[PDB]
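Just the one chain here, laid out as structure tokens, in the form deposited in one PDB entry.
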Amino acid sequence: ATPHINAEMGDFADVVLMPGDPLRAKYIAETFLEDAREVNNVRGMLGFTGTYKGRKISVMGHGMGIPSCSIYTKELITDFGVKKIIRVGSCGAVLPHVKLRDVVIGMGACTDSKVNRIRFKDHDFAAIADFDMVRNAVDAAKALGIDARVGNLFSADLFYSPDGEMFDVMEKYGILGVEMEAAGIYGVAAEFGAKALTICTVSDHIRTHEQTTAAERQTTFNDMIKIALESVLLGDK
């Protein structure tokens, strides 16, 4: 049992999918895993462990923001023997050709957080995913006949940014989606020696329209889940 996770070594698989929303986690456990067993609930952060095609998998929420998922990802890696982390979240689009429900794979993640600067002597640490994991996810996609753009995400500390001019900068450098934890998860993965990948579904467009919470914890967003789960199986081989 860690400060935020009441579980023991073994309750979790070596691989756990992590959405920011705990209710999406329950939905994942219920819709895709077999013999799903709840292993955590300390602050409502639901944790589940079951099997997808024989493969033992776990799925748990990490909350919103980099300092939130940093806590969870860290405890999972250091105290529950977890090896790979695949964040299954949502994000806002800034590029004109990016559509809602489009799946994005972040091989990299920019950020306006100071976390990585704190652990890299105020320099620029490129927050990147695990190449193979990224590739497992690309292959999985092609095999499921689902589209997916591979690129940089931007992990923001402020959902409601006081600086909108930064979206022109993001767009210029073509960041695929705006979310809030990828860059923190990668930094943690690296700091504690683990492997991770962030997959996201465009839930809204910074320049246009959006979805609903309901749609966000159950509708589609099944594509990224299928992709995530299948890519894991690819990694097993």
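Numbering follows the first chain given and starts at 1. Only residues modelled in both forms are compared. Under this definition, the rigid core comprises the largest set of C-alpha atoms superposing within 1.5 Å between the forms. First, how it differs from the form deposited in another entry.
The two forms, fitted on the rigid core, differ between these two forms by less than 2 Å at the CA of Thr31. Here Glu191 does not count as shifted, since its C-alpha moves by less than 2 Å between these two forms after the core is aligned. After superposition on the rigid core, the Cα of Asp204 moves by less than 2 Å between these two forms.
Relative to the superposed core, just one shifted segment between these two forms, defined as three or more consecutive residues with every Cα moved by 2 Å or more, spans 209-220.
Having seen the form deposited in one PDB entry, could you now give me the structure of the form deposited in another entry?
The following holds one chain only.
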């Protein structure tokens, strides 16, 4: 057991899907995993392990922010033998042509956090995902007939930022989605020797202030999960 996870080596699969919301992790287990059993509940951060088409798989929430997901991903990698981490969350769009419920794959992640500068002697560390995992997700999406843009995400420390002008800068440089974890998870993956990928579905528009509605939320969220789970199967082949 680690400081934030009460479990033993073997309780988690070698691949773990992670939404920020622990309640969403429970939903994923009940909706997609077979023989799903709870493996963690410390601080209410629910974690589950089961199978998807005979493949052992785990799912656990990671909380909001780089500092929170950094704790959980690190402990999984160093004390539970987890080799691949797939964040499955929501994000805000800054580009006019990016629509609600769109699916985005972060090959890279920009950030205003200082964590990677602390790791990289104050220089620029390009926080990137594992290439094979990115390609697996693209193919899986293709097979499901679901569209998906591949590019840069922006991991923000402040959901309520006092610098609205920065959104113009994000847009100018082609940021596909604004979330709060990618850059940190990618930094941990590199520091502790594992592989990671972040997939998001546009839950709202930063400008239009339009947000998730109706039952489009479930279908779309379920599509993201399908892509993630299926992408792992391609990875195993």
